[PDB]
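One protein chain is absent from this view; the other protein chains keep their places.
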Amino acid sequence: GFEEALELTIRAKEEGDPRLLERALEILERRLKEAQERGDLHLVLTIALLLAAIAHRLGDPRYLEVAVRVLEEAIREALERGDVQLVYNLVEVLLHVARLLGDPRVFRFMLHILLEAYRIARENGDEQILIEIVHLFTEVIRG
Amino acid sequence: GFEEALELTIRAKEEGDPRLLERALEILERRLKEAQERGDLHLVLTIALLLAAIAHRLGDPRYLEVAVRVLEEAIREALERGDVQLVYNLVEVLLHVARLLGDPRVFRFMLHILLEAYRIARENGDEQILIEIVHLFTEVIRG
Partner (left out) sequence: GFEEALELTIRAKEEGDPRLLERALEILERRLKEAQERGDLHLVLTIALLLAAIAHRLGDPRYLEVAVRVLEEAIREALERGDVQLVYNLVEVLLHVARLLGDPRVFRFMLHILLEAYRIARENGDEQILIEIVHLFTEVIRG
């Protein structure tokens, strides 16, 4: 499912044809909506990661903003689920995306989510993810 | 605890109040001494990492220094115990602190520790820790 986007990315770099980046971003945007529906938040994680990395190469912040918005909604759902691990892995991707975009308010969103996920993990009693959340927190406050 | 620090960090981004960073640094410096005293080297790892990130923001090298001296003593104890994984994770944090602080001697300390941890890991199982030690070595020598 990711193969066509990975090939198109290599093909756009070597041939210098940004229309191939745009084609792959279209494929990845279709897939990301299909996984946003259905509730496949683990796949949304990786599609949004790949979507944002290609969008960054193309120089078009629009697709970076779509990845942010979809990752933020997947985080809110995964936090309502009380999954915490999915929230952690979702925030990890959003951190890489926010680092690319440079939007300060995405980091603010992640600080609140991590604090809430720490509270769910504290009352659940999962110690290892409690530390993993604090570590991810120290990375967000950097920038 | 961690929750009060994470709340104060968020509260001091929202409210324009760096005193809340200072209050968090004070709590974490208390907890870090309490953890070093108890020998709680796994918590020493996470407190120092959070302390240094909150100290990097606000920009006070003092709390970076406390973090270096405590991590170093936690590393020496973990190396006495022969716990190659723990000293690996402890040096990993000290490398991030020392990169923030910029003191050459903190790197030199890490060079000698990793060589010793390589000897213990060589005579033990030649596991992934063996490559993880030499991998961490190459990162300490670089910058």
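Labels for the chains are A and B, by order of writing; each one numbers its residues from 1.
Quick note on the criterion: a contact is a pair of C-beta atoms (placed from the backbone, for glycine too) under 8 Å apart; a residue touches a chain by one contact, two chains touch by 3 or more.
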In the whole complex, of A:25, A:53 or A:84, the residue touching the missing chain would be A:53
Answer key for A:23, A:33, A:76 or A:96 versus the chain not shown reads A:96
Contacts from chain A to the absent chain lie at residues 2-3, 6-7, 9-10, 13-14, 46, 49-50, 52-54, 56-57, 96
On chain B, the omitted chain is touched by residues 108, 111-112, 114-115, 118-119, 122, 130-131, 134-135, 137-138, 141-142
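Note that in this section only the chains that are shown with their structure count from here on.
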Distance in whole angstrom between the CA centres of chain A and chain B is 28
